[PDB]
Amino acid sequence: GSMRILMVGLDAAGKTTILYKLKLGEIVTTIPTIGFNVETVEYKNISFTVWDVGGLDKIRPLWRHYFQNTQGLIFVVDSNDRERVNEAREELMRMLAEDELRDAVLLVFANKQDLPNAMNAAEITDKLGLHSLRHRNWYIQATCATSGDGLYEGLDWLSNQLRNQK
């Protein structure tokens, strides 16, 4: 068995970029993902099956098909997209309301930190209302997917949540 991780977030957030940076160590050219991409990533001797599911609004209903048995959620946010940060919050809270996910741990990637007007992790925390969450293991990590910055730190937390020993 591997650890089942669902990676979701609005379209353009950087999910597919993150998946292939994590898996392949390269920055891949993408198009908006119509279905899903999937790879198993090994980190510190723990294997994570990461489901990168398309975030275009039209296909957001399909996220629910991936909730079952999910152990960890990676919610990717475009930290430069102030106009849509409340929409990101709404989608996150709609997902967190699901009983199926009540035990899932939540890693938020505050992505695109390379952009000069990016909101930082503290700001994104406020905008997503993370501090109000109850009975939820959660962590927010500032990242730049293209440079790799912050990714392994996110994985450190996620691996620690899901593993029970060295």
Second form
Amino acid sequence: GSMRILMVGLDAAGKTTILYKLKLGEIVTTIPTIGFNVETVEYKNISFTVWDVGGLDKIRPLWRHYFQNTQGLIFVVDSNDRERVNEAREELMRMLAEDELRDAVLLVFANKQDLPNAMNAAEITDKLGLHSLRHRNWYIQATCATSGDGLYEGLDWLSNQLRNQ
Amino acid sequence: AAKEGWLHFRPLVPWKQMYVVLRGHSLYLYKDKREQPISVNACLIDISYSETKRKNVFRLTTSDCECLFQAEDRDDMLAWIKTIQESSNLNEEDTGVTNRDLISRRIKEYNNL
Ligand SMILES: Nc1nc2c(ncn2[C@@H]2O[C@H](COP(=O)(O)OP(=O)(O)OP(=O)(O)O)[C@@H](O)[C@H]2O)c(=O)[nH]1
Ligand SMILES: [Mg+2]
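Now show me the form deposited with its partner chain bound, since the one above was the form deposited without its partner chain.
Now the full complex is given, and it begins with the chain already shown.
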């Protein structure tokens, strides 16, 4: 019926772009989110309340204020950002160690696949060490937020996870 | 003035046209351009996606108010956002503290809503 989603990731990953691509079917103008946007997205008879939380380094300490009650975690990665992929891994792992998030399933969006030489989902899986997540359902989905490619299949996966609990 | 121009305005915490002048980190709203504040030293500012159906709208949030301003176009909106941002004299520490408190209040409201 309903599903509370926390969408986080480093700044510039494409989170706000993803939210409004889904909510409004548009490629919106964005600035770095200092705070959050929240929208409800109706998809295949599920109401996803999605919290798009700013990823600027200085406001990552605020991520913890959104942990309580989240059923799904979406972690968005800039697949073109090889310089900060290990930083992304580290931030993800820190969040996954939080007991408030013990029951949350994890969707990883490997975003910006349109960009030349972007890391593919296989590479991101390896660089994030996703296989080490043995006590949580996780899934990686290659995306292009601007075209919307990958986005609905991510929602398909989240839908199945809700349905299966 | 760092920036001035007509904007449509409405508070959250009907639209009316106001002549707006940013001086230092003080935002002045005049009914009449011919007859010339909200402190923005500590604020949140973003593009309004869902508070309004209007395009080119920014949402300003301070400890004392929350309101919408509509610019003439995308570039005008972006120029206003940037100049308001640039007007703050707060250091990194004070920025972090005020951002934390304004965001935490916003989370509380939307956890309610
Ligand atoms: N090439 C390409 N650019 C993208 C894609 N998705 C988002 N972008 C762009 O990347 C930039 C950052 O996107 P945002 O959605 O604002 O990033 P964000 O994750 O919300 O960043 P924070 O608000 O700082 O947390 C914008 O210029 C987007 O248009 C994508 O799939 N491909
Ligand atoms: Mg954002």
